[PDB]
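Next up is one chain by itself, shown in structure tokens, the form solved without this ligand.
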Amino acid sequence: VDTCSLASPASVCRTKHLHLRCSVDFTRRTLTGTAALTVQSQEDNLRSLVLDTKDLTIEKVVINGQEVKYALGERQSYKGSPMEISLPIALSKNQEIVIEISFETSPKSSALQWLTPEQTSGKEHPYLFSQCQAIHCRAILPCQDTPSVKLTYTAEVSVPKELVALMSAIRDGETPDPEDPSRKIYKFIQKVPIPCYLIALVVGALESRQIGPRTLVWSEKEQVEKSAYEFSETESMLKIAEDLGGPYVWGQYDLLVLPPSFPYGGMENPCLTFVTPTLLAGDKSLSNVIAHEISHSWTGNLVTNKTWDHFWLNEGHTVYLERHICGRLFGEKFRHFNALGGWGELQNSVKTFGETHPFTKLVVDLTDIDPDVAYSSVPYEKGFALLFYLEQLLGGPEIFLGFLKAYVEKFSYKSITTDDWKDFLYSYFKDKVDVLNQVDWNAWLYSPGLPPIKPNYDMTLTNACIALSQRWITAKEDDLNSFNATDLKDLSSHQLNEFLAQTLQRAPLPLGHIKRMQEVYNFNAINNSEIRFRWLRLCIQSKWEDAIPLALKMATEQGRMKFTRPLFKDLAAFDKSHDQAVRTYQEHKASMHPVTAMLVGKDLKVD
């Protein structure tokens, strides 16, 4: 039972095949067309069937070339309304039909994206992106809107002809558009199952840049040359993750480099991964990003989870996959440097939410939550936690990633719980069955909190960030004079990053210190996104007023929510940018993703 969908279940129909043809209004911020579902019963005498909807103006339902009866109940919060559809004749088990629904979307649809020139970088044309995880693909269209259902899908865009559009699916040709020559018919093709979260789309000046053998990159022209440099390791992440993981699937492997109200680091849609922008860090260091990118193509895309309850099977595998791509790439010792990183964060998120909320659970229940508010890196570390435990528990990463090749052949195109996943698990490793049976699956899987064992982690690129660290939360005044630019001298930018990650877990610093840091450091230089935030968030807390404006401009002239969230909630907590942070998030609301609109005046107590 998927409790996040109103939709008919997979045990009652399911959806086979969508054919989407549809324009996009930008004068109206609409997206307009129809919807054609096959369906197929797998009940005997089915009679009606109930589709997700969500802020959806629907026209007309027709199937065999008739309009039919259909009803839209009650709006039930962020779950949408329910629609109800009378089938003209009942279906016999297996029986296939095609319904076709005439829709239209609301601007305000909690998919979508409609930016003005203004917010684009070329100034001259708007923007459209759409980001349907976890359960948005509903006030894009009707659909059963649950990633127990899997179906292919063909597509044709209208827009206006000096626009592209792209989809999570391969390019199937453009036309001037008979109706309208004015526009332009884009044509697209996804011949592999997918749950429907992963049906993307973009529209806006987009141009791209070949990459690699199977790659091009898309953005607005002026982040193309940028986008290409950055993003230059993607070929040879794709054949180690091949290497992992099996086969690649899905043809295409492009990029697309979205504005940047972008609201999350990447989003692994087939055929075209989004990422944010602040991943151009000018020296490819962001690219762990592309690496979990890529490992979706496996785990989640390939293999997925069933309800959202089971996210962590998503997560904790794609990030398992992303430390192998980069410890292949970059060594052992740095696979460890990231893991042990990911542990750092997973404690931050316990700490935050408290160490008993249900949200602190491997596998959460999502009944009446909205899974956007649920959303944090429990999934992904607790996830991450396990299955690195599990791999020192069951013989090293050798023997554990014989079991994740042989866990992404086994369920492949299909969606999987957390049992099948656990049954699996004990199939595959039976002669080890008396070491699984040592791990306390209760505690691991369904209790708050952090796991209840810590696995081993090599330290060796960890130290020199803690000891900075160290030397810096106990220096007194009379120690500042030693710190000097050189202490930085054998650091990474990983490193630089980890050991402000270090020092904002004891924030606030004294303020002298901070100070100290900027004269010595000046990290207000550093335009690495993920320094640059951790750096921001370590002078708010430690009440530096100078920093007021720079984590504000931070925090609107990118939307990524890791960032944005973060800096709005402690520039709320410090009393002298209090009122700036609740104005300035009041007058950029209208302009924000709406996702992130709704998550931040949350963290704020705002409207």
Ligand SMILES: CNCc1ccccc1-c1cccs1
Contents of the next structure:
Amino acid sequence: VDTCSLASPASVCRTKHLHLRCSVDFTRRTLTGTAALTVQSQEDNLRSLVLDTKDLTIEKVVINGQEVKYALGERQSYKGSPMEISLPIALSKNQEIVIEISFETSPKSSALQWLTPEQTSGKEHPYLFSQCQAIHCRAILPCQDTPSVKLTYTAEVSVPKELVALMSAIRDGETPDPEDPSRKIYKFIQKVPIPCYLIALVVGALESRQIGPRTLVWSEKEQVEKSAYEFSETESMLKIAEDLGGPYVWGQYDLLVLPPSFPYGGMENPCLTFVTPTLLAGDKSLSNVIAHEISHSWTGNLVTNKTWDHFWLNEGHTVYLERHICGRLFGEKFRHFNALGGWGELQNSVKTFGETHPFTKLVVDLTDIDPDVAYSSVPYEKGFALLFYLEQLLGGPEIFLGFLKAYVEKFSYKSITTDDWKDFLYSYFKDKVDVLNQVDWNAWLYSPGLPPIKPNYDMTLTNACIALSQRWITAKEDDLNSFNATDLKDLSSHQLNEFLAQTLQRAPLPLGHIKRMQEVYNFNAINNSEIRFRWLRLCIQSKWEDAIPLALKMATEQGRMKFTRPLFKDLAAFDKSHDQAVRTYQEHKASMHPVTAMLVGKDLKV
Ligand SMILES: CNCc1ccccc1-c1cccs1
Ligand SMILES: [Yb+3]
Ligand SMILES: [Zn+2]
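Moving on from the form solved without this ligand, kindly provide the form deposited with this ligand bound as a structure.
Below: every chain and molecule of the assembly, starting with the one above.
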């Protein structure tokens, strides 16, 4: 059972389909309309059922053309309020009915960010985008807000006619709204059963450019050209992913580049991946994020975690495929380089949380924990470390990739637990059970802290990064002169980033050393968001005041939680920038993404 959901479980009733008919009201910041849920009873004599909601206003519930009784329970914090519907006629097992709910969202919907014209690129039009993962779909429409349930959907979305609506679905046409000529209705169809966290909507002044046989890139006009270039590897990555994962079942693979406050690097909404514009480095260097979102088309979207306790299933497998795609494009040494970088990120997380902290277990117990609060690198990197370790244990990448493909096949269109995965791992590798029985399962899966075993990593591309980082760490004042721009000559941007990641692990460095780095390496001039992020962190943590306005600017001009949260925390912990950091948050708070605002607020204790 799903402790993040207040809805009737899948063992009671299942949503098969949603027809969503809504209007986007920019003047009121509400979505208004009907969610028609096709529900199948799993039980004899079913007379009521419960849906998740959050900050919704229910007008009425209609079954068989008549209003029926419903009640909203008290709010349960971030879970929202359960909505019990009285069925007018007891259902037998497998009977299906359509339940039509008239609802309206609140402006404060935790699933939505509403932007003014000024917060966009064009400055002329407002913009709406959704983000449902993990449990924010309830803040858009009444539903069984649990990934243990999969449904197809259709939608009709009325928006101001000058704007464009897109969803996580195939575009099924547009017409003028008959009820309001200032408006357009966009239509959408999603034929593949999906968990409701994959429902996605954007409305804004969007244009598109084709970048591959099955990929358009969407954004405001100011970002189209740059986006078409940055993500031009998309088709190549899709083919590799299809080779590894099996058929891509989703029809199109489009990309939407969001405004800068989108809270994640990307979101694998089916048919329409959402990405942060912080990927726009000019050189495709951040394309692993595309590979990652592509990989979710199998791991996460076909095979889905049954509850959020098993999020690692979604994320570790996706990181694993992600790194294989990048390894195929750029080589097995690169794959190892990234794998090892990932382990460093896990070291960071476990250090931050504390080695005994519950959120450092692979499988977590989210009972009374907001998934947004528990979210971190752990399920990604500990999940990946487990798979990379098993890969090495079980006979190498070719062999474990055979398992991954069989695993996807086996659990397509299904929702699964860690036990489901482990059972199938044993089934698939039954000739290797003795080897599998050497794994310390309880530790890997259920214990806090770093994994009990570290995989083996090729060091070829890492060595130079460590060597340089060690030079800076061990340098005394009389050694600073010897540093020079040519130190970086043979380092790729990835290596620059790992160099900085290495150094950041030992921060603070002395202020003089950091001043010299800028003098010789000019890191202030690098716009690569990953590098600039780590660089600014190293500056603020080494107490360099000049870096304060640079850190405040990055923290607020984009809102990728990966970058925004630790910049604010760093600024808050630096006594010289502490008050300004708090002040800056308070000023931007109302205009921030509601999830990002809530978490930064917690981080800052304001
Ligand atoms: C005022 N009528 C438009 C409307 C109101 C409430 C909910 C939905 C709608 C839609 C019309 C067309 C697509 S949604
Ligand atoms: Yb010396
Ligand atoms: Zn992911």
